[PDB]
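In the block that follows, a single chain appears as structure tokens, in the form solved without its partner chain.
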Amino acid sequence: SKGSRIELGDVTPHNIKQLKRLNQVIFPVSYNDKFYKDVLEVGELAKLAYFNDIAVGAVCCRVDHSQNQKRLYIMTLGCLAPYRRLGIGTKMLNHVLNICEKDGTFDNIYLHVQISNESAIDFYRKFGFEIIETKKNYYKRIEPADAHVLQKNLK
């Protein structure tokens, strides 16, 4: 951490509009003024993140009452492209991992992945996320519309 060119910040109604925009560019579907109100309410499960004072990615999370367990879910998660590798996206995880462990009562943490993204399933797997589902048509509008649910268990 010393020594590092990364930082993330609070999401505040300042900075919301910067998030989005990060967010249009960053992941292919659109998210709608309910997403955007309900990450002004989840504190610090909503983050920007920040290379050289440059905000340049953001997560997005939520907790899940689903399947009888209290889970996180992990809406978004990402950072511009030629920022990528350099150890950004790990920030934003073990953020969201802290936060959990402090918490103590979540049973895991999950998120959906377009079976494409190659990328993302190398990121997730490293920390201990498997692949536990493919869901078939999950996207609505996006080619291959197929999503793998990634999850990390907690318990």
Given for the second form:
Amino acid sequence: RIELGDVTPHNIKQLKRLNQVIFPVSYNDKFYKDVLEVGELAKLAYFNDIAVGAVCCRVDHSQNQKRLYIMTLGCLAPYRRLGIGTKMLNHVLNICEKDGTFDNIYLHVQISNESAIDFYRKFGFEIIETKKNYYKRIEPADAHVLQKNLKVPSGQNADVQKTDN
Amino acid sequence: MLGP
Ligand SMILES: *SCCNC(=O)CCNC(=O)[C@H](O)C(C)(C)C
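For the form deposited with its partner chain bound instead of the form solved without its partner chain, what are the coordinates?
First the chain shown before, then all remaining chains and molecules of the complex.
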């Protein structure tokens, strides 16, 4: 069984320890300070009561839009075929679906991370941008921006709803 | 994975 748990000051050191092993990118103290303030947008992932993963998100107001930014999402390498990634993603997509007012969900990923690209493609995410030297020192340093459109038409019925045509 |  997979369980998601809250990120508190009691277990933030555990999230940092998992993040430090899963990702080659060093996150600073301000990153872990912000995670303690996003509520349900940050979760620890548990498999048979053992912490093997985490998802950290924030609300972003870039591009004159209401966006959900997935900062980090991942599991320890031996636990990537246990549906923990799906549980974590369906959790953040639920916070968004319930909200109804988000324009999109987006994240950065190295261009060579095919397992993550293909995973996100299952939930409707597409490559919308490629950023040269988005990361420092790691190879490849080039990142794809993966985005899922969350915009739902506002209007009580068909005649007042603006959508694709 | 937030960068850089
Ligand atoms: S947020 C996209 C980058 N994640 C990543 O590379 C973390 C390691 N990968 C996983 O744990 C796994 O591939 C999932 C599907 C959960 C991203």
